[PDB]
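Just one protein chain is left out here, and the rest sit where they should.
First chain written, first letter: the chains are A, B and C, and each begins at residue 1.
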Amino acid sequence: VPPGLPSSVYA
Amino acid sequence: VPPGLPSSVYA
Amino acid sequence: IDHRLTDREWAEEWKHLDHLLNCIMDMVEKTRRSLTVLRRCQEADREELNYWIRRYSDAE
Partner (left out) sequence: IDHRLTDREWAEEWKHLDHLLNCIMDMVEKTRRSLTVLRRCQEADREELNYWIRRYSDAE
């Protein structure tokens, strides 16, 4: 999967 | 201390 | 790096966007209410200013 998706934003 | 101030919002 | 997401991955991405936006609203809304109280504080300051001005002018 690529690096910067909406998930990955933690929160 | 008045409840609900700007602090008190956590984050 | 494969940009071909899968149905499950797609739904994740979408629902995660939803969540991000909801957090933002929640932060803004809590912030908003917060100012309701901050203002009552500012106002308390005025009452006190007014208080002293009154207290000062009542004793010549």
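Rule of thumb we're sticking to: a residue touches a chain if its C-beta (ideal position, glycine included) is under 8 Å from a C-beta of that chain, and two chains touch if they have at least 3 such contacts.
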| item | value |
| --- | --- |
| Sole contact to the chain not displayed, among C:45, C:58 or C:60 | C:45 |
| Residues belonging to chain C that touch the chain removed from view | 3-5, 10, 13, 17, 20-21, 23-24, 27-28, 30-31, 34-35, 37-38, 40-41, 43-45, 48 |
| Missing-chain contacts mapped onto chain A | 2-6, 8-9, 11 |
| Contact set of chain B toward the excluded chain (per top definition) | 2, 5-7, 9, 11 |
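In this text, only the chains that are shown with their structure count from here on.
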| item | value |
| --- | --- |
| Chain B and chain C, separation of their C-alpha mean positions in angstrom | 10 |
| Inter-centroid spacing, chain B versus chain A (mean Cα positions, whole Å) | 30 |
